[PDB]
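Peer 1: Next come the chains, spelled out residue by residue.
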Amino acid sequence: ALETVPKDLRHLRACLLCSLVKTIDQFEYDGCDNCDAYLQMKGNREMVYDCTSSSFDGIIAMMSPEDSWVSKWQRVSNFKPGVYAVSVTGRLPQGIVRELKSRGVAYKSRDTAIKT
Amino acid sequence: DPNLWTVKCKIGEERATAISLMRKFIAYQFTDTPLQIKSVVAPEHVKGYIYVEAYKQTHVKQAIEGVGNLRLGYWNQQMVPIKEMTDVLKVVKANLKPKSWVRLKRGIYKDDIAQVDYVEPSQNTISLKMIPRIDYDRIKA
Ligand SMILES: [Zn+2]
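In order, the protein sequences belong to chains Y and Z.
So the first sequence is numbered by PDB author numbering: it starts at 2 and just counts up by one.
PDB author numbering puts the second sequence at residues 176 to 268, 271 to 318.
Among the hints, a few may not be true.
Said to hold, decoys possible - Cut-off 30 Å, straight-line C-alpha distance, at most; resulting in silico cross-link-like pairs (DSS-like, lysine-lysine):
#, chain 1, residue 1, chain 2, residue 2
1, Y, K73, Z, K282
2, Z, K199, Y, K116
3, Z, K258, Y, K81
4, Y, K8, Z, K268
5, Z, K185, Z, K282
6, Z, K282, Y, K81
As the list claims (entries may be wrong) - Covered stretches of chain Y, going by a simulated chain Z footprint (3 or more residues, C-beta under 8 Å):
#, stretch
7, 7-13
8, 57-68
9, 102-110
What the hints assert, rightly or not - Okay, the calculated beta carbon distance ranges per label pair:
#, chain 1, residue 1, chain 2, residue 2, range
10, Y, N79, Z, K258, 38 to 46 Å
11, Z, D314, Y, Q41, 53 to 61 Å
12, Y, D9, Z, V279, 21 to 29 Å
13, Y, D9, Z, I303, 15 to 23 Å
14, Y, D68, Z, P275, 39 to 47 Å
15, Z, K287, Y, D68, 49 to 57 Å
16, Y, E47, Z, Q237, 22 to 30 Å
17, Y, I97, Z, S299, 17 to 25 Å
18, Z, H220, Y, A38, 33 to 41 Å
The set of hints was computed from the structure by calculation and includes no laboratory data.
Yeah, the Cβ is synthetic: ideal placement off N, Cα and C, and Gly gets one too.
Construct the complete structure from the given sequences, taking the supplied hints into account.
Peer 2: Dropping the structure here:
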């Protein structure tokens, strides 16, 4: 859709769960689409900087996760089409990751990149 | 499994090409001439060409018609082996973490190592640790 596509290249962040790369305005207005009920991101800016982090590289034009090897490798087949990444460095604090497992949400590390 | 093709592009324009392709796909997806491309990879370390995922070469050949940026890489479509389908996504250590060491390019402390202290969420300025090198106003006039 036209709401997930980034509008301006400047000031762009990325999520850590599904690695959704968009513009800050969309994050403040729309927020994480693939995970909204379990993240509570729409309607505030503090949570955006809390969970999402700008420390990420790599961009991929995901359009058909159901039929794509990159989606299977990145484990993003059950997500909506959009502009994702391949390496998001960061880790959520110890106050939000706890409730994810209780509600049936497996928290995995999307930082597929290597260290040294 | 789908194949990954390579197409040449200009140096310094990779995110703009990606967003333009996304806009074109979103604008020409409910028409009689859709795009069969699966995805495109634009690594940050590389600068000068981009990748594209598709089964046959005709797909990407007919999918990049009309764009004025990929005109250079239109008469040749190279195919990479299947073993190179996993090294493109690899990244060697983004690169923004507090209490880390970074170097400077401009200023006076050129080609010197430093250390990060605090990061501003505004994404406009960042602190830095460094030992002064000035002469304390004794040599200069
Ligand atoms: Zn996410």
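Peer 1: What are the numbers of the hints that this structure violates, sorted from low to high?
Peer 2: 1, 2, 6, 9, 10 and 16
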